[PDB]
Structure formats: structure tokens, C-alpha cells
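Below you'll find only one chain, the form deposited in one PDB entry, shown as C-alpha cells.
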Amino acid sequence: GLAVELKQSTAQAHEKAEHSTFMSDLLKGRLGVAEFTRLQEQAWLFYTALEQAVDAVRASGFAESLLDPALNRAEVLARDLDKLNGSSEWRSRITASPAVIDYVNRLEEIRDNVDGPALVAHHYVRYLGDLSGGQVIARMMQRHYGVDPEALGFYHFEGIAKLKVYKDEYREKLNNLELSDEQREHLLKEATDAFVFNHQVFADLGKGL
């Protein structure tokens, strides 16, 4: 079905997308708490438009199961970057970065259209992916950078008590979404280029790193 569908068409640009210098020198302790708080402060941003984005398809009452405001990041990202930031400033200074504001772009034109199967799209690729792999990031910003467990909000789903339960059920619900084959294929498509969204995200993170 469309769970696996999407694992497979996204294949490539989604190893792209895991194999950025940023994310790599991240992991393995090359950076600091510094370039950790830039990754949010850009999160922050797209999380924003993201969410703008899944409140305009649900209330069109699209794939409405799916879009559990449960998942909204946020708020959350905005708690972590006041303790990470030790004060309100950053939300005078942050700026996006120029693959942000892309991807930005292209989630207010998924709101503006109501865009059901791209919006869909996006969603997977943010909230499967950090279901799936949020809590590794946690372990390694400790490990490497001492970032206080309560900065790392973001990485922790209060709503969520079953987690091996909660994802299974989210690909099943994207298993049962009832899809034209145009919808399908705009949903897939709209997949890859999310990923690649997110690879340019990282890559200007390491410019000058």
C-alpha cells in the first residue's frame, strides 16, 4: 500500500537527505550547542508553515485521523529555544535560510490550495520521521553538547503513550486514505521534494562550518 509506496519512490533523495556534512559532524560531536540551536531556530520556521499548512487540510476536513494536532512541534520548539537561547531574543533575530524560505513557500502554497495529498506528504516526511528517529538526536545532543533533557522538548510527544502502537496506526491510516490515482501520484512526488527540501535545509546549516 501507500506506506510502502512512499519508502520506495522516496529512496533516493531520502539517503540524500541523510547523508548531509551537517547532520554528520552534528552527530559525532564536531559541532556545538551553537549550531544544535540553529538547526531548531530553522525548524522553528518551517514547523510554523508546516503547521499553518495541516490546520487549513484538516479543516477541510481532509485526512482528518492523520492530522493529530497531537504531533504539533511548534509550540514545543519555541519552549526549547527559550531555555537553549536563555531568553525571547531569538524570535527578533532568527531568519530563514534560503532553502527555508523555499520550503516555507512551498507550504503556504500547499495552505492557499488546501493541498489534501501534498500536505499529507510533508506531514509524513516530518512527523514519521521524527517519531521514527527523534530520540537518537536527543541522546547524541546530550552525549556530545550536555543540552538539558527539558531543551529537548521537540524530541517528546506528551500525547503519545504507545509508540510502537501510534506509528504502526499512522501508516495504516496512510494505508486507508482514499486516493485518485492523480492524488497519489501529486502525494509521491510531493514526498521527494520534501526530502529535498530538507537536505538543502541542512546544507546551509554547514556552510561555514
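Numbering follows the first chain given and starts at 1. If you superpose the two forms and keep the largest set of C-alpha atoms that fall within 1.5 Å, you have the rigid core. Compared with the form deposited in another entry:
- Core-superposed comparison between these two forms: the Cα of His199 travels less than 2 Å.
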Given for the second form:
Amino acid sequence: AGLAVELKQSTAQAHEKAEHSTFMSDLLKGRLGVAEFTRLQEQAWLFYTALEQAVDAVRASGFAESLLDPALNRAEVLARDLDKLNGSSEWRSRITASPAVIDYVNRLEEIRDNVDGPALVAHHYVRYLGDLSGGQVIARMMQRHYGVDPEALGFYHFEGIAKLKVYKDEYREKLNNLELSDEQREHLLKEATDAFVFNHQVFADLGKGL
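Having seen the form deposited in one PDB entry, please provide the structure of the form deposited in another entry.
For this one, just the chain is written down, with no partner chains and no other molecules.
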């Protein structure tokens, strides 16, 4: 099978475990509220910011340039979401990374400084293709359960993408057409597993004290 299929197969168990996260299932089923949704997006702003510096570096190196579409950038869209959710830009100087996000960001800075192309693509697949594939569902649940205004949900919609099912097919075809050595390929597949572990840990830190 091509890269896109084995990525899906090798992370399918982690995706199902993520859906059963105590924090995330509580958020999605309506048992939390807007404040907790805002906490999650603050942590996301931190690791999307680090992710996009690593993407900038790997793109500048020439690796997987076509896959690393800048239209996918989420950090400034999240910042505008958060100015609306919090009522001011005051959160920017205030939020601190949870331990999970500290480690996640550390790894993304390691990938940026090593210009580790294969590892970055793994993180790119896990965040952005997950966003593209399920973001509309999550945003709808925040509307339905908590009345979150759509203009605070821009993170879940990609403005510069017209046909969504077509874009996702092309993304997977670019994954399939990536040229990789056997070792690079094992490095990428392992990193995809790690990227799900990191995201699961972020959920665990957010669930603390609840």
C-alpha cells in the first residue's frame, strides 16, 4: 500500500483511543463549556505556532514543498479566534504551555533545527489532514452544545480551499508520491505514532482537575 494508506492503518488504533479521551469526549458531548474550549485552543495556538516554524524550515529546504501548502497555516487564524473568545489580545502574554505542550513544542523545535523532513511530514499529516477531515464535525458540536459563534471557529475552516474532498485526495496522492528511503519511511511512520501520543497527552493535561 502507499504511504497514505499505511499512515491511516498504523494510526487507526490511536485515532480511536483519541475519540475516547475523557476530556475530549466530555467536551464533544456537551459536558464542559466555552471556557474549556478556549483552554484547548490556547494550547493549540502554542503548538501550531511551533509546528508552522518547523514547516517553514522544511519548506525552505526543498522537501515536500508541494505538500507544505501555506494555505493550511492555522496559527494566525487561531489567534483571531482567541481574540474573540477572550474579548481581547490579553491572552497572548498570559498563557503558559502545559507539560504535554512543552514536550510537543520541544520536539517540533528539534525538527525545525534538524530540518527533519520526514518527521515534519508526519506531524503535518496528523494535524492538518485530521483538521481537514474532521474539523467541520468538531466545530458543529461546539455550535450545537455551547453556542460558540462561527467567527470564533475559523480554525476549523480552510478559507483558501474550494473543493474539500478533492484537496484531501490530492494530499494523499502527494503523500503517496513522496520519495523516501526505507529509513526515512520508517522515521516518518514512527513519528506519526508519536504525534498522536503528543496530542493524547495534551488532552490528558487539559482534563486535569476536572
